[PDB]
Amino acid sequence: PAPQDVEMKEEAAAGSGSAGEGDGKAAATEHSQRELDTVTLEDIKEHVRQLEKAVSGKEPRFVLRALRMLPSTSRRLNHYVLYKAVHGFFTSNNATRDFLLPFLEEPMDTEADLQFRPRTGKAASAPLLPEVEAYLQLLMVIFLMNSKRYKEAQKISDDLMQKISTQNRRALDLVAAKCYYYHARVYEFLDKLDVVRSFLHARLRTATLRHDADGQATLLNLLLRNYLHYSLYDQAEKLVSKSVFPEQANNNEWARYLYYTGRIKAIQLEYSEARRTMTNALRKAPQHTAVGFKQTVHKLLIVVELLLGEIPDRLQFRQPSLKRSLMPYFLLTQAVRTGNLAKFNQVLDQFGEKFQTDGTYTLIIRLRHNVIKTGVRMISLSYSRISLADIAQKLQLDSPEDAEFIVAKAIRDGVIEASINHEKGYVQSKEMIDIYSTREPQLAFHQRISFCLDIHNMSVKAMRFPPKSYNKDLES
Amino acid sequence: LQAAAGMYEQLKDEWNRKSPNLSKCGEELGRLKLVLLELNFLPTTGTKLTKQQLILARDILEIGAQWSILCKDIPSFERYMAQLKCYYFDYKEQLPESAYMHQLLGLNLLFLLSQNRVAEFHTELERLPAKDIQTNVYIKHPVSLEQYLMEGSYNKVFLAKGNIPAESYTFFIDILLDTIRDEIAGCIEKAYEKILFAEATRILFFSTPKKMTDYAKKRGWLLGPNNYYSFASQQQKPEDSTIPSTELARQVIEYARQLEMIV
Amino acid sequence: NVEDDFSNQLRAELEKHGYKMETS
Amino acid sequence: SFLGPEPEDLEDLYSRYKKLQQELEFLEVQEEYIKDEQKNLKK
Amino acid sequence: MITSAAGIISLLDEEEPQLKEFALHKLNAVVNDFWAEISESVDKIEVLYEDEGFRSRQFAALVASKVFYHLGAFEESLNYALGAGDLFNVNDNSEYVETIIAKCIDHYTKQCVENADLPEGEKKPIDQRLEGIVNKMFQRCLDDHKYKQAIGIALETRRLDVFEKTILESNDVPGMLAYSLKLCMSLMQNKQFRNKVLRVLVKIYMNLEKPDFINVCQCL
Amino acid sequence: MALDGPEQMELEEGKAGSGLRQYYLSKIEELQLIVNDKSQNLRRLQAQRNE
Amino acid sequence: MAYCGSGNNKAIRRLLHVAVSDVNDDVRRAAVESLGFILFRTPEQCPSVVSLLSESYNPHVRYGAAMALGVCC
Amino acid sequence: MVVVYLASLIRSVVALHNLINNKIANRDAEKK
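Residue numbers (the UniProt record's numbering), protein chains in the order written: chain Y, 28 to 503; chain U, 91 to 353; chain B, 47 to 70; chain W, 28 to 70; chain L, 1 to 220; chain S, 1 to 51; chain E, 588 to 660; chain G, 263 to 294.
By construction, these hints were calculated from the structure, which means they are not laboratory data.
Note that beta-carbon positions come from the ideal geometry of N, C-alpha and C, so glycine has one too.
Please note: incorrect hints may appear among the correct ones.
What the hints assert, rightly or not - DSS-like, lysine-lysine: derived pairs with alpha carbons at most 30 Å apart:
hint	chain 1	residue 1	chain 2	residue 2
1	L	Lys26	W	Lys46
2	E	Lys597	L	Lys110
3	Y	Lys178	G	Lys294
4	U	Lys327	Y	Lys451
5	L	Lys124	L	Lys165
6	Y	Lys182	U	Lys138
7	W	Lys62	Y	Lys499
8	Y	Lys265	U	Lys175
9	L	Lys44	U	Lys123
10	U	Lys301	Y	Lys451
11	S	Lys38	L	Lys203
12	S	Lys38	W	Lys66
13	E	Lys597	W	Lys70
14	Y	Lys265	L	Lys44
15	W	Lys69	Y	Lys488
16	Y	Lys457	U	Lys102
17	Y	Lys269	S	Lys38
18	L	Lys165	W	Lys45
19	L	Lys26	U	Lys138
20	W	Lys69	Y	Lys178
21	W	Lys46	L	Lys203
22	U	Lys182	Y	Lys182
23	W	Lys46	L	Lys136
24	Y	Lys219	U	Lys182
25	Y	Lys182	L	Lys26
26	S	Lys27	Y	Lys190
27	L	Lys44	W	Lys45
28	Y	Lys370	U	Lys221
29	U	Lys175	L	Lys191
30	L	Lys182	Y	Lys52
31	U	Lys308	Y	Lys451
32	U	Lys102	U	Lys114
33	Y	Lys381	G	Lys294
34	L	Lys191	Y	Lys190
35	Y	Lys52	W	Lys69
36	Y	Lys370	U	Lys114
37	Y	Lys451	B	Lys66
Stated by the list, open to error - Label pairs and their computed distance ranges (CB to CB):
hint	chain 1	residue 1	chain 2	residue 2	range
38	U	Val342	S	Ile34	31 to 39 Å
39	U	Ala189	Y	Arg341	29 to 37 Å
40	Y	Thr67	U	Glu257	55 to 63 Å
Produce the complete structure using the sequences and hints provided.
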């Protein structure tokens with residue numbers, strides 16, 4: 028039948044998860060636990076096993092088929108992703124589950140280390156019991172975020188995943204830490220008025236008491252994403268500053284943090300820094316899990332780069348092959364370059380609704396300073412002494428006098444750097460025609476030397492950690 | 091007792107023209123905080139029950155704040171406003187939505203400019219969404235005005251669009267004809283290494299020596315037609331030095347220490 | 047984005063012949 | 028969720044940990060010694 | 001709709017002492033759900049604790065402990081916690097604000113090691129709030145009849161009294177005592193504190209023929 | 001767990017003993033880290049020194 | 588003898604430290620024998636410590652290493 | 263670093279496999 032074919036792969040899924048739990052339980056093996064847990068296992072569990080072969084009715088077959096309700100409720104947790112009490116909360120195509128025929132296979136392998144017989148479910152006290160429970164939830168959450176489940180299922184995730192846990196450990200908190208972040212993205216997507224932020228805050232207190240590196244990193248990045256949606260600026264600003272955000276973090280974590288920090292910085296008139304992190308973020312983000320947030324980074328970033336006075340290329344639009352969705356941003360790119368306001372104001376209002384979703388709209392209005400700035404910027408840098416009159420004819424500014432105030436303000440900001448001599452009336456470039464007399468070639472090299480040294484210190488410590496973890500746990 | 095509808099509620103008389111005094115409204119708000127206690131304790135947690143309570147909580151606070159601008163009690167307005175901000179942002183379908191909501195938002199926005207914190211405007215604007223929950227009409231005047239000042243225009247800035255609302259936005263303009271002047275003047279300090287007095291006064295929009303003196307003090311500029319625009323330009327030039335190595339090279343101690351550990 | 051130079055090709059060849067006389 | 032052996036958790040501080048600490052202090056000493064020695068082989 | 005703590009915080013800034021007193025109360029209920037916002041306004045909370053002129057002075061200190069834990073600042077939580085001087089009970093029953101209560105015990109025990117030199121007992125020179133959570137920690141030991149619980153705590157504090165009678169009744173004498181001997185020699189190299197602990201053990205042994213003589217020989 | 005938590009015998013949870021649980025838990029987790037980090041530094045250095 | 592029955596951290600550190608630095612042959616050999624003695628009560632810690640010494644081609648250190656292991660265990 | 267990590271990933275498979283082999287051996291015994 029249909030669940031028999033995918034049965035081979037369920038034993039495979041169980042092999043990787045069971046081991047992962049095992050590792051965690053013996054002291055601090057933390058580094059090896061987080062790489063396994065996130066993009067690597069997940070890309071396989073969902074896509075290869077369930078979707079590709081077909082049969083998504085192997086997910087609540089995986090976390091139940093014994094009839095475990097667990098000593099602290101998690102029976103519901105398993106239902107809601109798939110097979111609510113009917114055939115499919117998305118895709119069924121299963122003739123055996125725990126509400127169709129109990130048992131057909133054991134991914135549970137008759138030992139508490141993912142799942143185990145009903146004897147655990149009704150009551151246990153074992154030290155294997157928290158370890159299976161935290162783990163139980165990671166396995167479930169994997170289909171939730173990929174398939175983009177919604178509704179009530181989304182609302183009840185939070186309850187089971189935290190306020191059943193307020194005591195964990197470092198091993199357990201790490202697993203839970205990953206589960207909360209995936210649910211949080213699924214939550215964000217629906218654009219429900221029911222507070223995403225509130226749960227994520229409650230989860231933070233538990234993260235902090237165990238003092239688990241992982242818990243702080245995951246929650247914090249999501250908490251910023253939540254904050255942007257509501258559009259309550261002050262809290263996110265403080266929260267970003269508090270995040271130390273560890274150097275030993277998963278790839279998806281790295282791309283998402285830089286991305287949030289960029290959104291926050293862009294409105295602020297810290298656009299030079301915002302644009303670098305946002306460009307980086309797109310590259311760093313994967314091909315599979317990342318896709319919802321990923322879209323949003325490329326759309327926002329095009330506006331953010333303009334804010335610095337960068338003129339973004341056509342290759343940028345064509346190459347990921349999203350050019351259609353990007354088409355309006357493309358229009359802003361043209362408008363910024365020309366130096367004339369009329370085209371920029373018109374586009375801002377017309378696409379206004381579409382921009383607001385992505386969270387661009389607050390950044391779009393800031394470009395009005397930038398429309399003129401980007402055009403005066405090319406002209407001031409290129410030439411030496413040029414008249415305000417040249418700037419105004421080319422750019423289509425109102426007056427040379429108008430153009431004179433505008434250049435003055437920019438040199439104060441210092442992203443065009445010049446000194447104006449309104450005698451004859453030219454704007455003058457800064458330039459020394461030798462930078463060897465100045466420290467600047469040395470200072471440039473020296474900065475690299477600090478940046479380089481950081482890589483050496485990071486590498487020596489990181490290198491031994493996974494083989495060490497493997498030694499205690501025993502390797503074949 | 092309250093500030094609610096009907097003239098039997100004591101602050102309401104002050105909101106209307108029954109008490110013409112601008113400072114007896116603001117004054118009377120202090121008493122009103124005691125009556126506020128009961129009406130603001132319940133709706134600081136959102137529920138549809140708490141919808142009747144919300145309206146009244148806001149009424150006392152908004153009315154008091156509005157009247158303060160007229161007589162330039164403005165710092166006191168900004169602390170009163172804060173409470174209003176949270177109610178306008180949220181508490182959806184329990185009636186934050188009013189004529190009062192609109193007026194109040196625009197008043198606050200205007201104030202950030204009066205302090206000359208460009209930065210403060212952008213964060214604040216986004217916080218309330220104070221540009222799509224009552225829309226840019228009256229609200230338009232501070233938003234466009236802040237965009238123009240940031241841009242560096244001191245010729246499409248507007249003050250005429252702030253007299254389209256006369257909902258006590260009309261008293262903020264008074265102190266925003268100061269601010270436009272302030273900004274031109276700072277930019278001019280950066281602008282010139284040194285230029286003629288004559289060329290610089292027509293752009294200041296000063297043309298009497300008294301006006302020159304007044305803002306010159308703030309700038310640090312000495313005398314009236316005479317001024318030293320040059321201070322700001324002078325700062326750029328020290329990159330030329332090389333003779334004292336210790337600071338100029340920089341991080342000499344830092345790079346060495348880490349390097350020694352590694353090998 | 048797209049280079050303004052292309053549009054410039056047709057315009058630049060022609061300009062050359064006139065310009066030399068017009069201005070020194 | 029909650030840890031399985033609460034009597035082992037309350038007892039462990041006084042029991043296993045106290046005793047261990049002495050054994051660990053030697054282990055620290057062996058870590059500094061290796062470094063000194065490592066640098067000495069280099070001479 | 002609600003998701004924003006902000007309005008409750010604004011009330012604190014607004015004028016009249018009575019407005020502030022209700023606001024602080026409500027600000028304590030919401031702090032768990034939204035930690036992030038409250039923490040910006042953390043400094044404002046500090047001054048309301050500072051002033052003794054509030055009735056809700058206790059609540060102000062309490063509000064500060066709750067933000068400070070959430071950040072990770074356990075020590076800062078404690079300076080304010082000792083300040084309230086009450087409402088430790090409500091923290092104590094919980095399983096989140098229990099982190100400050102746990103801390104008072106962790107602080108007490110280090111301070112005592114220092115304090116031990118001149119007066120042997122932890123007693124009166126260390127403060128009343130921390131000593132109170134510690135006396136309760138002793139009461140826990142006695143009730144559970146965990147001999148292990150008693151011994152460890154006693155070592156840190158440097159009191160003899162708890163080592164000697166691990167449960168006060170002391171009708172479970174052979175084997176409670178044995179534990180004290182192995183644990184003092186292993187942990188420390190401190191000769192001086194050891195000599196004292198052993199002496200108390202002599203007095204209990206002397207009285208009763210109930211404890212096993214294998215235990216006494218170890219002490220001798 | 002807690003003072004008002006599970007188990008009414010109070011030796012097999014230490015019912016009373018709990019509710020201060022964070023005091024205990026902190027210590028045990030701290031050991032796990034220390035022992036671990038010292039062991040990593042030492043083995044890796046021993047490998048380099050043996051070469 | 589003295590540190591036997593609860594060993595100090597400072598005391599083990601010295602014993603190791605004197606041995607590496609010395610050019611005096613008898614002094615070197617000796618330093619290594621005591622390491623087993625202070626650890627007599629926890630025999631577990633000694634074979635690791637001795638391992639580093641066993642590996643060198645210095646016969647004086649090799650001599651002491653044997654003794655250390657002998658007494659602890 | 264990168265080289266040791268690619269190897270580290272291969273070590274991971276053996277090391278995980280060991281915990282599962284034990285499971286399979288425990289279950290064959292309890293099921294008879």
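Hint consistency between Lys301/U and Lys451/Y [alpha-carbon to alpha-carbon, up to 30 Å]: With Cα atoms ~25 Å apart, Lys301/U and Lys451/Y stay inside 30 Å; holds.
C-beta pair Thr67/Y, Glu257/U: status relative to the range 55 to 63 Å that was hinted: 59 Å, holds
Given the hint that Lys26/L pairs with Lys46/W, does the C-alpha gap stay at or below 30 Å? At roughly 48 Å apart (the allowed maximum being 30 Å), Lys46/W and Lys26/L break the hint.
Straight-line alpha-carbon gap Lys27/S to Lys190/Y, limit 30 Å: 24 Å, holds
Verify the proposed pairing of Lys597/E with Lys70/W, using a straight-line Cα cut of 30 Å. 26 Å, holds
Would the pair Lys26/L and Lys138/U pass a check requiring their Cα atoms to be no farther apart than 30 Å? Cα-Cα ~19 Å, so holds.
Are the Cα atoms of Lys62/W and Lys499/Y separated by 30 Å or less? 23 Å, holds
Check whether the Cα positions of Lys265/Y and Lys175/U lie no farther apart than 30 Å. Holds, because 19 Å separates the two Cα atoms, which is no more than 30 Å.
Under the criterion that the straight-line Cα-Cα distance not exceed 30 Å, is the pair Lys308/U, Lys451/Y satisfied? 28 Å, holds
Kindly confirm whether 31 to 39 Å is satisfied by the beta carbon distance between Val342/U and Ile34/S. 35 Å, holds
Given pair status - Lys451/Y, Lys327/U, alpha carbons within 30 Å: With Cα atoms ~23 Å apart, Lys327/U and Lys451/Y stay inside 30 Å; holds.
Would you mind confirming whether the straight-line C-alpha gap from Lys44/L to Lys45/W stays at or under 30 Å? Violated, because 43 Å separates the two Cα atoms, which is more than 30 Å.
This entry does not satisfy hints 1, 3, 11, 16, 20, 27, 29, 33, 34, 35, 36, 39, going by the numbered hints stated previously.
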